[PDB]
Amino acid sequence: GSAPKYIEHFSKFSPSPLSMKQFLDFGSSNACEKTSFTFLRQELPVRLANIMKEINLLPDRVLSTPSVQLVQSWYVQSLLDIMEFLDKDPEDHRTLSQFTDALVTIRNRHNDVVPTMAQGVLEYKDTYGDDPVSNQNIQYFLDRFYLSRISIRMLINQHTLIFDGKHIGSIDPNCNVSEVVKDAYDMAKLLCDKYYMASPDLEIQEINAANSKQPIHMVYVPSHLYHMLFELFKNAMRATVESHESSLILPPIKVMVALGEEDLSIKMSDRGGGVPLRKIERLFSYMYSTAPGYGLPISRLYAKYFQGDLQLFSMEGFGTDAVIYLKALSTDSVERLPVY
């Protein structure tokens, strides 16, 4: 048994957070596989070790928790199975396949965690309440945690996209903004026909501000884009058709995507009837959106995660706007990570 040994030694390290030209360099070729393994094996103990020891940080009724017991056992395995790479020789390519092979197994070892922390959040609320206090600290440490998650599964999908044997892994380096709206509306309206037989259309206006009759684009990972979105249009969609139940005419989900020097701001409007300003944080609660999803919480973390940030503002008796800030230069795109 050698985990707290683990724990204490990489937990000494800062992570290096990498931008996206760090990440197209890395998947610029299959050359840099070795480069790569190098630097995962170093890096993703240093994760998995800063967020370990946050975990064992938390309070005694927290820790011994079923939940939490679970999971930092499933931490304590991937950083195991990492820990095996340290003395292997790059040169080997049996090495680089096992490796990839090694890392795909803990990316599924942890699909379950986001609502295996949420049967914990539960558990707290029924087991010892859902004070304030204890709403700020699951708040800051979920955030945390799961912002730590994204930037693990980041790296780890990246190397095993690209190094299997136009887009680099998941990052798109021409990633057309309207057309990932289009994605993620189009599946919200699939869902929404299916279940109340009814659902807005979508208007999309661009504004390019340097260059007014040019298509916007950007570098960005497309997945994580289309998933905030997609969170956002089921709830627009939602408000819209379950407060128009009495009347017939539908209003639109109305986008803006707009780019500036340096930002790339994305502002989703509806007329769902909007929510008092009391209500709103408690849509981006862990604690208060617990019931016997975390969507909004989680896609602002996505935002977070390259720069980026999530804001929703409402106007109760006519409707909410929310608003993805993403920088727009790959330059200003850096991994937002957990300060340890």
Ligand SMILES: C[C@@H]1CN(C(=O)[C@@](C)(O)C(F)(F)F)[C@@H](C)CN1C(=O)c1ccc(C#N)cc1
Contents of the next structure:
Protein chains: 2
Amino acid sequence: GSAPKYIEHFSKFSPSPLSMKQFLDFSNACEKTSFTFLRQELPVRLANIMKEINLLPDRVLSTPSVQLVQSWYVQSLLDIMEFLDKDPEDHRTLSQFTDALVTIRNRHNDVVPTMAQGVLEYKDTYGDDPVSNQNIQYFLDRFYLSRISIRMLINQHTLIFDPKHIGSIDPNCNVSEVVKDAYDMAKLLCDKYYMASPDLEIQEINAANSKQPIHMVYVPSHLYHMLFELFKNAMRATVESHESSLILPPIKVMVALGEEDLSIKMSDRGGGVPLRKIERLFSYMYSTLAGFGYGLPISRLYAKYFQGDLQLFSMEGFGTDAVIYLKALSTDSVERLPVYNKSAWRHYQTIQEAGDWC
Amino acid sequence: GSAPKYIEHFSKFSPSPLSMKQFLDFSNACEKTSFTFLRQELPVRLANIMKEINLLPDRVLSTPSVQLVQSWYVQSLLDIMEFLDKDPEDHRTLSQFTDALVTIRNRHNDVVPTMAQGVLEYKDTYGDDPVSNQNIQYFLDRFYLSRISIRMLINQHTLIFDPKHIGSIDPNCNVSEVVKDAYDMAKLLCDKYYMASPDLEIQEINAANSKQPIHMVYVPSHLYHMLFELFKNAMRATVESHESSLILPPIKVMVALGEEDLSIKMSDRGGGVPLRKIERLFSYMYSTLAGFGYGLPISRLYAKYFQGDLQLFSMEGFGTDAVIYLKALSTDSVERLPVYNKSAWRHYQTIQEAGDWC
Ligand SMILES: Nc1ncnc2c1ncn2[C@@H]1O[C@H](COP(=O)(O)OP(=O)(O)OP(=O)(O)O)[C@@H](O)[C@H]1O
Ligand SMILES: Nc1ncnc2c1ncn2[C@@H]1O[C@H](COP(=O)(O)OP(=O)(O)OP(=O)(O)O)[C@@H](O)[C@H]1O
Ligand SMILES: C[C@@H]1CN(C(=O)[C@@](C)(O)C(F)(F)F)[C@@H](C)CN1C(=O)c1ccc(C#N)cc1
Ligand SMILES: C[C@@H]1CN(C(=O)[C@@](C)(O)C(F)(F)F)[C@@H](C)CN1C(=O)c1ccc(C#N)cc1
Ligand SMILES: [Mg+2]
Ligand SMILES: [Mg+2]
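Now show me the form solved in complex with the ligand; what you just gave was the form solved without the ligand.
Then the entire complex follows, led off by the chain already shown.
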């Protein structure tokens, strides 16, 4: 009966953003070192997102939606405290942590669909107006970013403490190869459903080293996710906008490496989208191969997670360019985390009613 | 000694956004009709932007900058009132209005450089921090949009009341031709300064009518301005990023006509720009062939003026895409005007100090 106390406590600390080099410059760089770090950090991150949740209108709070998820977090917080007074050295005290993490990770595995159900409930219970959309957008973006950051920590621990890969991090990720894979997987799905699929063209632009293949330090599963989701969209649009013609244009991808950005552009000729609807494509509310996801909004969070971004620009009547912006240097790849402050509080005080433009 | 009274009065009305068809569906569709309309509308628009100005920190207000501009507006407001009690019918009462407009237009001809000087004063007098930049950005965007809308009305009147063109509006503007012209003009300047210039390639994509040339109802001088400024940028970047190589890639432009958007993409290989600096490119504060302008921020306002937009996306180490989004239908081309309300008031109450992200 002390969850509200714990939350209040760790909710005072701010989460510690880690850089990808800190992840790399790390089997047995001591997990005691990780154990003692995660015992404090996970509780701080869990509490911060839980603190935010609790200050949500009760009309959002009371839904089985938010309450169920909010209950998983309460149990995960309690789940990880058991170790606050423990002591490493005991090769058994830290093997119960690893199991404790795998159990917590799986306990939250179905959050996205669960939260999506609360969005739907809200849409039909109170309506879908710009303000409620902005508030939901603001909240889900932070909530999901927070979740991604917690899952990164956990996966880093479980994978490292079960050469080349350091957990989920590839210090020599060959971007083009990940592109190829996300593409092949997308093609397979596209072929089964439409029995026709667009081809792939890839071009690299290594600014400083003209011919060297483009490599980077990154979390490949994350990159794959983004590319795979973008490929599904481009394929759908290309195929559906050409079912009456035969010509089926290719999806072109360009990978450019600059002094600080590593950019990936995916170009299609799927008819494009009206500038006015482009804005709504990243909306959880308005957006509730295709159908499950929260493909774009969540792919974007993955890009932002390490100071990157994911932007879309279309040319109605022609095609769309989807661009993934990542940091080229591991020094600049630092976690982007949302924090609870007096600052984050007033973003929920939106009292909109008659704007500044006519 | 009654300017503060007038301002307070017309500041109660909201400006009336006009659509491009209303401009088109109009020598002598009666200027009496225009005279009586402009007598009320100009004062409403002048007063609204003047009302906004007056609520600016006194530390901005007191600068010779804002005070000089603020004095021109005071005189223009008074300049146009003289006609409030007049009576048309008198072919002389409305010819003094036309002269009164030409005189007011020229009285404000050097606002941009004047305001730019206040920005500079501010930069050195108080510093260039994110908040002051946001406030200045918010204010100058609205101030300049307002000015563009007033100048549109005035030019429509003076030109119509000195076939094919209805004032500054071309009901059959051949986009590609304007592109060609802005390009030729840019090339000439580029050749003189760098004695080398990139070529031009144009491609059209008329969705509904595959081969028909792309035409639209628009204000060509506005389109020219945007294209010309974008061409200068692309030329500079292309030339300067290839002074050590010989190959000099072309600037490619694509014009796409969709059901509601008319999009113009200008692609270059001028090395591109880091995603992080792209954001600052449209900033008046941080941004104070090249040097005078306020090229991007103001070209953008022209795009937004009729519900369009102007976006930039780069690929550091390769090139940049600048896109102009315009409404394809004259029905959707309605003035975008900034208005004074309790809503516009609280955008200046930015008390930022420690954000919501760590
Ligand atoms: N390249 C594209 N061309 C045209 N429309 C696109 C493109 N990418 C996305 N869209 C539009 O934006 C919406 C999709 O965003 P998103 O990827 O988030 O969801 P989805 O594809 O519908 O389902 P899923 O969750 O699987 O992704 C699409 O439903 C489609 O209408
Ligand atoms: N296509 C481009 N490629 C690379 N950098 C660009 C491009 N377009 C703009 N920029 C950058 O953004 C800045 C320019 O914005 P803007 O056009 O507003 O001003 P300017 O060219 O410097 O002077 P001017 O007022 O004449 O336009 C440039 O100074 C340049 O650094
Ligand atoms: C041990 C911590 C956390 N860590 C890890 O890789 C993991 C496997 O433990 C995990 F991903 F799960 F987090 C590195 C970023 C190094 N590291 C630090 O550099 C660190 C940062 C801040 C502090 C403090 N105070 C202590 C250590
Ligand atoms: C006469 C007004 C203004 N007008 C003009 O073209 C000009 C030349 O007068 C100018 F550009 F300077 F504005 C058209 C948009 C038609 N028009 C209207 O359609 C209108 C709109 C609202 C009202 C009102 N009340 C009256 C008329
Ligand atoms: Mg999708
Ligand atoms: Mg310029």
